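S.K.: One-letter residues, chain by chain:
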Amino acid sequence: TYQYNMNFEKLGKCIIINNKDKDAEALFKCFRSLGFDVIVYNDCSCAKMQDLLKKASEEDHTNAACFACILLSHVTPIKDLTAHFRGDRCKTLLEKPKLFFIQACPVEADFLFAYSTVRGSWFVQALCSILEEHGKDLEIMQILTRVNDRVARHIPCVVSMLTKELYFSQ
Amino acid sequence: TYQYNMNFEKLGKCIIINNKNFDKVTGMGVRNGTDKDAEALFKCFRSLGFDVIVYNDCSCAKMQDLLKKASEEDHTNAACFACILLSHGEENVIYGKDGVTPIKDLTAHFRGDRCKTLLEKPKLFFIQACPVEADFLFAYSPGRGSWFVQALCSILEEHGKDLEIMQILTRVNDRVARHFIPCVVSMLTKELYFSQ
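Keeping their order, the protein sequence lines are chains A and B.
Count the first sequence with PDB author numbering and you get residues 57 to 76, 91 to 144, 156 to 186, 214 to 226, 237 to 272, 288 to 303, in order.
Count the second sequence with PDB author numbering and you get residues 57 to 186, 214 to 224, 235 to 273, 288 to 303, in order.
One or more hints might be untrue.
Straight line, CA to CA, 30 Å or less: simulated DSSO-like cross-link-like pairs of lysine-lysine [what the hints assert, rightly or not]:
#1 B/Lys177 - A/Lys297
#2 A/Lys125 - A/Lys160
#3 A/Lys297 - A/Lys254
#4 A/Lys92 - B/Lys297
#5 B/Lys172 - B/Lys118
#6 A/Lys69 - A/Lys172
#7 A/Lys254 - A/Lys177
#8 A/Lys297 - A/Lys76
#9 B/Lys172 - A/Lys177
#10 A/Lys254 - A/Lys125
#11 B/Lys254 - A/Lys297
#12 B/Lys92 - B/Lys153
#13 B/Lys80 - A/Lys177
#14 A/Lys66 - A/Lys99
#15 A/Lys118 - A/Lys172
#16 B/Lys118 - B/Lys66
#17 A/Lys254 - B/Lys297
#18 B/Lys92 - B/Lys172
#19 A/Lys297 - A/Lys177
#20 B/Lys297 - A/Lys297
#21 B/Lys160 - B/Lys76
#22 B/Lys297 - A/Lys99
#23 A/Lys92 - A/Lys254
#24 B/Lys297 - B/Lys172
#25 B/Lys254 - A/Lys254
#26 B/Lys177 - A/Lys254
#27 A/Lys160 - B/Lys118
#28 A/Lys297 - B/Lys92
#29 B/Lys118 - A/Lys297
#30 A/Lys124 - A/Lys92
#31 B/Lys172 - B/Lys66
#32 A/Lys76 - A/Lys160
#33 B/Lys118 - B/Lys160
#34 A/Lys160 - A/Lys118
#35 B/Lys177 - B/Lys124
#36 B/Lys99 - A/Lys297
#37 B/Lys118 - B/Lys99
#38 B/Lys80 - B/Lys124
#39 B/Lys297 - B/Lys160
#40 A/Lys66 - A/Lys177
In short, the hints are calculated from the structure, not lab data.
Sequences and hints are given; from them, build the entire structure.
M.R.: Given below as structure tokens:
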């Protein structure tokens, strides 16, 4: 009970929003490099992100272990996107984590965040360089705090409303 | 190394601000059980090498003037630094006996440029309210104490010397959610266990 369960078919479905391309392409490879069902979206007319998310919120993740999403900007409210995956709002994701990665320029338990700001950026450049190398053998926090170390060698916060540790088995 | 340096003379300070009785003009309830909430934390961090100092029913000017004077100290022989708040709070703001000060104003005193004595050192902050900002961590959260506090030390005197803070805080988040949620915002750069 000290880590999140991983006896699941799919790892999870990864969503990538890309308003505007190196970071996206690099995030794609490195997240599929964990075993993610990755889907990329560009030129997202702000009406998209809403319906785009809610769809996935009404999908089935019973045979999925988790769920990740990534935003890339430079107009859509933060909370109005995440609330689709509330406690009751998406019952297929309970006792399952929700991971939102951001870079621009009961309920609410088991959520994680990471917002960065500005070739491509550092944060991104830094992250993949870990997930490729130490991706499948670290707890999530052990990873992000390593990224903050890497970017500081040249800062993005990290909201953790999680309940157990997070490595990446099957 | 992939973790914070603990080989220091002393650990660090541990300012506790126990706000219980606020003024009437604030129209703010008397936060009860907070004496227990403080004593629990004080006893806990005491047993972790924190030189614990407990402040009580302070004004906003006090809480401001206090931390500033503590930021301007010599923290060189100290590994880290902690500060725990107990009061009423709202949207990124926290009550004093007299008024209301923005939380980001209190912590600002320690921002690496204005507290060089704590640079590359973790500067912690615990909130229970009813390399700019690097090395910062924030953990915002009856008869017995609160859940959070009681559950924290419950895990902290038990595992605190042998677990990383996230391992500690993530653990805390489970037992509070077990009863029925706190948000741990981290800007750290290295893992942090509470021993040598």
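S.K.: Look at each hint and say if it fits the structure.
M.R.: Status of the hints after comparison with the structure:
1. B/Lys177 - A/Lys297: Cα-Cα ~26 Å, so holds.
2. A/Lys125 - A/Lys160: 17 Å, holds
3. A/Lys297 - A/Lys254: Measuring from Cα to Cα gives roughly 17 Å; hence the hint holds.
4. A/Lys92 - B/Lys297: Judged against 30 Å, a Cα distance of about 28 Å means the pair holds.
5. B/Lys172 - B/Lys118: 23 Å, holds
6. A/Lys69 - A/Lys172: 16 Å, holds
7. A/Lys254 - A/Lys177: Holds, at roughly 18 Å.
8. A/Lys297 - A/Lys76: 36 Å, violated
9. B/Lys172 - A/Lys177: Distance of about 41 Å is beyond 30 Å: violated.
10. A/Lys254 - A/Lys125: 29 Å, holds
11. B/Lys254 - A/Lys297: With a Cα-Cα distance of about 19 Å, the restraint between B/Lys254 and A/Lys297 holds, given a limit of 30 Å.
12. B/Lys92 - B/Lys153: 19 Å, holds
13. B/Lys80 - A/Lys177: Judged against 30 Å, a Cα distance of about 45 Å means the pair is violated.
14. A/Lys66 - A/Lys99: Judged against 30 Å, a Cα distance of about 17 Å means the pair holds.
15. A/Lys118 - A/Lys172: 23 Å, holds
16. B/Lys118 - B/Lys66: Holds: B/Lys118 and B/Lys66 sit about 26 Å apart, inside 30 Å.
17. A/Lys254 - B/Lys297: 19 Å, holds
18. B/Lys92 - B/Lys172: Violated. B/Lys92 to B/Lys172 sits at ~34 Å, over the 30 Å cutoff.
19. A/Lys297 - A/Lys177: 10 Å, holds
20. B/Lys297 - A/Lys297: 20 Å, holds
21. B/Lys160 - B/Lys76: Holds, at about 22 Å.
22. B/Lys297 - A/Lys99: 26 Å, holds
23. A/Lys92 - A/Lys254: Since the Cα atoms of A/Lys92 and A/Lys254 sit roughly 23 Å apart, the hinted pair holds (cutoff 30 Å).
24. B/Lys297 - B/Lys172: Holds, at about 18 Å.
25. B/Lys254 - A/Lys254: 27 Å, holds
26. B/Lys177 - A/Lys254: Holds - the C-alpha atoms of A/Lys254 and B/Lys177 are around 29 Å apart, at most 30 Å.
27. A/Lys160 - B/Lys118: With Cα atoms ~35 Å apart, A/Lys160 and B/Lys118 exceed 30 Å; violated.
28. A/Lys297 - B/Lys92: 28 Å, holds
29. B/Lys118 - A/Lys297: Status violated; Cα separation ~38 Å.
30. A/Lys124 - A/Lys92: Given that 30 Å is the threshold and the Cα spacing comes to 27 Å, the pair holds.
31. B/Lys172 - B/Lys66: Cα-Cα ~17 Å, so holds.
32. A/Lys76 - A/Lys160: OK: A/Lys76 and A/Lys160 at ~22 Å, within 30 Å.
33. B/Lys118 - B/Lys160: Judged against 30 Å, a Cα distance of about 15 Å means the pair holds.
34. A/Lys160 - A/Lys118: 15 Å, holds
35. B/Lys177 - B/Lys124: 17 Å, holds
36. B/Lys99 - A/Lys297: Given that 30 Å is the threshold and the Cα spacing comes to 27 Å, the pair holds.
37. B/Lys118 - B/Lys99: Holds, because 24 Å separates the two Cα atoms, which is no more than 30 Å.
38. B/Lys80 - B/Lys124: 27 Å, holds
39. B/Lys297 - B/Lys160: 23 Å, holds
40. A/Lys66 - A/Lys177: 13 Å, holds
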